[PDB]
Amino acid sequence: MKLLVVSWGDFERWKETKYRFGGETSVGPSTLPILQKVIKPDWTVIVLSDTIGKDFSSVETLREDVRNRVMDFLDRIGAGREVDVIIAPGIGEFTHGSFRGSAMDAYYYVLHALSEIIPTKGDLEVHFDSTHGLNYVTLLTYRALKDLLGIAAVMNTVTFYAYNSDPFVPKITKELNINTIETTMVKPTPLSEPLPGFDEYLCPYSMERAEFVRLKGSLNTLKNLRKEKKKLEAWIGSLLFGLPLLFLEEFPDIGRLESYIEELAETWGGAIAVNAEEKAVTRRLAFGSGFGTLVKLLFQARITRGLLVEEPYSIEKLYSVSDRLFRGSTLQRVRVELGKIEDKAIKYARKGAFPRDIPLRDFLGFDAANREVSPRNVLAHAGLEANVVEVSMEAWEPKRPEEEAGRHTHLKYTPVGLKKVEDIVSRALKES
């Protein structure tokens, strides 16, 4: 699929001009139609500062004000149906009002909005126009885009293109070129940051330090995370470090993560105080880095949900998951470890032995030394450490064992072992 994203400031103040792009031309106030004409995008996203709001009756008339005029202006140069408009929280003192809050709220808001727009199935061709963007909103939208596409690139080929028109000078300008300023094949970057201390999800901007602790206490999300924090970090680490069995057993609940974000998003919006008489907007809650981590964590889950196979987790299903999830030397380490356990399984099968609920140490044949679950041996052996993994071969009549053993040999962690891996992997994500 093809996606086009553009950073806009104040669109009603631009001038009619002609643009050249991809051996084609167009005449109007915006770059959008000629971009839409060449790229033929399957979807188009517009990111504005909500700073343009004229009527402050309250938050919903502001987001209505802006959307109305974007919809009017989008008719005025035929920008089509297939459009989303991300009306972001910008700040400062202006002609027709005043907005206040954390400057980083836009990053987290644009990140949350794009995480709900960017296709999670299939390949991506992303197009970005920095022409007409506010300097800080363009830079935050650029970062937010690249952060999620980095996570998409794990499962899919992602090519990114960015455009900036030649500078418009109102006196000399005949025609402005749409230059390609960047064209890159996005590199796979799985989420590599742990969930933070419970301060960093929502922070107070200008809300009294006693009122905050009241509302933080009241939230469901934060207390449900206190529980799940370690298992989520265990899953994040599973992609980072090449732990295919931990990836499956720790797969997060997408609908529950959806809930956490919704509650934090509407909580952040429910602390936006609008004074109609001072034409003043104060966003009393600031988004925290942990809101960013959760958005990315959920996005990463959607991208990889296709791999969550039915139990029991066989050697064959684990090869299959690994081939998609891992690259470079990590993939090759995982193929070797599964190789050992498979090659042994094939030995057992030719002797008519089908061990059920047998320790991986006893399955591979280990002398009773060490038996301590080291960070070293968990991370070094694709999380398939011998003191934490139960093995079972569903008994069957073999004709081609070198083929079958992959299907009939299943791995799961022991309940004790899983808590040791969870602790080890969580801890490794924090020394990062």
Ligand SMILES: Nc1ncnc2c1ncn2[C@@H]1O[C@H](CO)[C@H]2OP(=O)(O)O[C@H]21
Contents of the next structure:
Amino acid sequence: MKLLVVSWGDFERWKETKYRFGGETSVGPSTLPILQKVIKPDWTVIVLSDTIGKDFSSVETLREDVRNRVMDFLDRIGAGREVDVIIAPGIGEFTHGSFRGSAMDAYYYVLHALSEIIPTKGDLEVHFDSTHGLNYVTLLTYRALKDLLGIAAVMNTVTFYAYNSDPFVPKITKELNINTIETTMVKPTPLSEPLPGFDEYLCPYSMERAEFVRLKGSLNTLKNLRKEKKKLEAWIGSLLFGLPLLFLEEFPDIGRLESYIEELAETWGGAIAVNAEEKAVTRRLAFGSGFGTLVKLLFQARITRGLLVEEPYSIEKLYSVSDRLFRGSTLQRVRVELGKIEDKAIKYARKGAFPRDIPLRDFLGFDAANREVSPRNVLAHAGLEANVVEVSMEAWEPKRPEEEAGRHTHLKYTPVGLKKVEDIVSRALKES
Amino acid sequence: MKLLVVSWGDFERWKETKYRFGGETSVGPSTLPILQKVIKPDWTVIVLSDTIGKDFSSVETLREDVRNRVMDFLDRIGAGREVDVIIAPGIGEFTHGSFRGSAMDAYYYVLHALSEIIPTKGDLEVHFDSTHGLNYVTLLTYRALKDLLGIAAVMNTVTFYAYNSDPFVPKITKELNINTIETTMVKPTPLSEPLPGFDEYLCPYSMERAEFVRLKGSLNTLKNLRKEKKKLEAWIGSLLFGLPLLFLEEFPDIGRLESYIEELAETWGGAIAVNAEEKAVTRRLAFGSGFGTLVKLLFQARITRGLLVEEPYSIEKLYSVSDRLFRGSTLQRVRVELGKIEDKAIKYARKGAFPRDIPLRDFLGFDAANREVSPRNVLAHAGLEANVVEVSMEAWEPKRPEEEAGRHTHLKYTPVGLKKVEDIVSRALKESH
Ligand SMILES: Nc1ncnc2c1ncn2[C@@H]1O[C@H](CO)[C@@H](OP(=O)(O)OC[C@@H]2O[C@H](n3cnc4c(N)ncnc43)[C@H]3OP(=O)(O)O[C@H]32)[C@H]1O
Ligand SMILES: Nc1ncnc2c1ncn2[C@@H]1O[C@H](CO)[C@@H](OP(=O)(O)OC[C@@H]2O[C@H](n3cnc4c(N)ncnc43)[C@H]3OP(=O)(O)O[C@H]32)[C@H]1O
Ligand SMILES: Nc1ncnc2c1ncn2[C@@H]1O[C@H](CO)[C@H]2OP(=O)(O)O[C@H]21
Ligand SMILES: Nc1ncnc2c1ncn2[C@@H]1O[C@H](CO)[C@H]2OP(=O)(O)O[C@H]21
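Let's compare: the form deposited without the named molecule is above, so bring in the form solved in complex with the named molecule.
The next block holds the full complex; its first chain is the one shown before.
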């Protein structure tokens, strides 16, 4: 899939010029038509500041005024139907309006918007144009794109191209080349940050601190996160540290995460005060790092949801998950650890033995007086620590036990074991 | 170390205004004075485009023009003279003159310049100001900064802060706030790129095929790198995959890396054609990704050179190197693998036995079943694979062998073994890319 993303300011102020790109030429006020003609994207995203808004009735008449004039402009130079328009929250004191709030809301808002548009299946070829952007909006859009594509690159091949045309200079320009300023194959970067303290999801920008403590207390999201924060951190660590059984057992509820993000999003939006006479927008809540982490966490869950196999969790199924999820020395460590359990299962199968509901330590034949569950042993053994895992072999009539044993040998954490592993992985994620 | 980096365009066109930052207030045409007062950096770096220069009699006069104009502007505003000015190669056809070449040259140039500025010892607090920047030079500067800080973060704590001012509207603007638009604890990110083909170090932008072929053919770098490539990729893979013995055995020659980067940088600068009459700069060579990889590779070697020691490698030394280079599950696996060899040495010591020049497979007691060296066993066992490593125990009189064995037990790759590990690690680095 080919995706095109452009950063736009006040598109109406741009002058007609001609652009050169990929053995093609084009005349008009923006690069988008020639970019679309050479690149041939399957989808186009335009990121705009809402600070080009003029009619201050309230929030919906602002996003409307901007979307009207943008859709006007896309018709004017024929940018086609396959378009999404992200109206990001800008800030500043302009000729027709005043916009106050955290600068960083534009990052979290664009991050959130892109997380709903970027395909979570198949390979991604991403094309980014920085020609026309506000400095800060273009930079936060670039960062938001790279953060999400890094997560996408966990499961899929991801290539990223950035463009910037020659500088338009009004009195001397004849034509502007579209220069490739970046070409990069995107490195797989799993989410590597804990969920923060319940202060850093929504933050008061210009809200009295007594009013904040009130609304924070009313958010069901923060109370639900209280329970699940450690379980969600355990899942993040599963991808980062190569713990395939924990990846399955802690796989997050995509529906629940959607609902957490939506409530934080509509709470932020609801705290935007518009003064039609003063022509002033004040975003009294700011998004915190915690909103970003939830958006990245939901995106990673969507990217990897295909790997959530039906129970029970056989060695064969854990190999299949591991082979998709892990790379380099992490994959090879995980395969060696599963192989040790598999070789034991084969030995058992050959003797017509099928242990059910047996601690992994008893399955492998361990000596007594080492029942302490250490970070070292959880992290060094792909989370398959001998004191926290229960093995079951579903009895069968073996013909080729070396082929069969992997399918009939199932692993899970004991209820006590899972809590110990959660504490260890959560802690290891925080120390980082 | 507190480092302030600012991305600037045409500083002479900026209007006087007022800035708010960290409770302080400032009148003037630039953020820089108030940024310095509040942040109190140990050093300031200014990144701006060549395309400000108005003197085409030489390439070096063009740079001294831009430098002198910046120096004068710093006196005009309250700003300190403790600064590095990176005059990046910009592109565009302007009234005062013309500049042609690869747009991406600015990235490779700034990356190279920053690699020689950013300290390679101690923690780093980096502050980046994009308020005054061109978009493309800001993006390429931001990228180069993050690429190097990611490598620095392997050995040291690195914090990154980014700033941008409220937008400037000509007569409406009274006071522009300077906004923090990023606060990042930089993740350790070792080089994970192989060295590319010999097409991708220097490329012709505007140069006859034969003259390029002559320049390419003159480069000592490309000849040497042909033979050295695999050993350098083995070293890159040692940091990425958690192979502490290979890190020590393949530690690159910093002097030779410096020689390669300087030669490529001198050839690039020597190919800049400055036509004095018609006010044109043409950069006839373009940097390739290979130049970037070498700059990142030398920066990583400088960052980690403190861990290198002389040839006998003890298990104790491998533990301390590992505790500095590696984290998470990679670190815990390396410690378990070293521990297995240590526990065996402790058993040997308690028996009063001190094997020398013994294959690790013989030291550990292995079945004659598998002598083949697999990617699986090299990468899963921290590169301490039983068929490629040799152990030597230095005879001593044990009293507490559990605490003593690690210092007296040494590991080496066999000459054959090392070449097998180099192949697997090089291939694994290329395959992971
Ligand atoms: N069809 C179009 N119509 C109108 N604008 C277009 C169009 N196509 C592309 N653009 C670009 O889109 C941004 C619209 O504002 C501009 O991009 P950017 O070049 O990044 O503008 C930034 C300013 O260029 C200025 N500076 C003018 N001289 C030079 C110069 N010779 N060396 C480096 N910078 C220069 C800088 O001074 P500072 O730092 O105050 O602000 C920058 C335009 O060049
Ligand atoms: N002391 C200073 N003197 C002169 N400039 C200063 C100073 N301090 C900071 N700056 C900033 O430096 C850049 C160049 O002057 C400016 O920021 P940049 O992000 O480069 O803004 C460029 C243009 O602002 C325009 N646009 C003005 N309204 C709005 C608006 N309300 N919605 C979105 N964009 C707006 C954009 O339209 P477009 O795409 O044609 O080009 C941009 C200035 O805000
Ligand atoms: N606490 C522990 N100490 C030593 N080895 C362990 C421990 N927990 C798990 N393992 C080893 O991890 C592998 C996957 O379960 C398995 O292979 P093993 O070496 O037979 O013992 C296990
Ligand atoms: N080819 C191999 N097959 C199985 N285990 C290996 C191999 N090569 C090395 N190891 C194991 O890696 C550890 C550090 O050298 C050491 O602990 P072990 O389990 O005694 O066997 C070694």
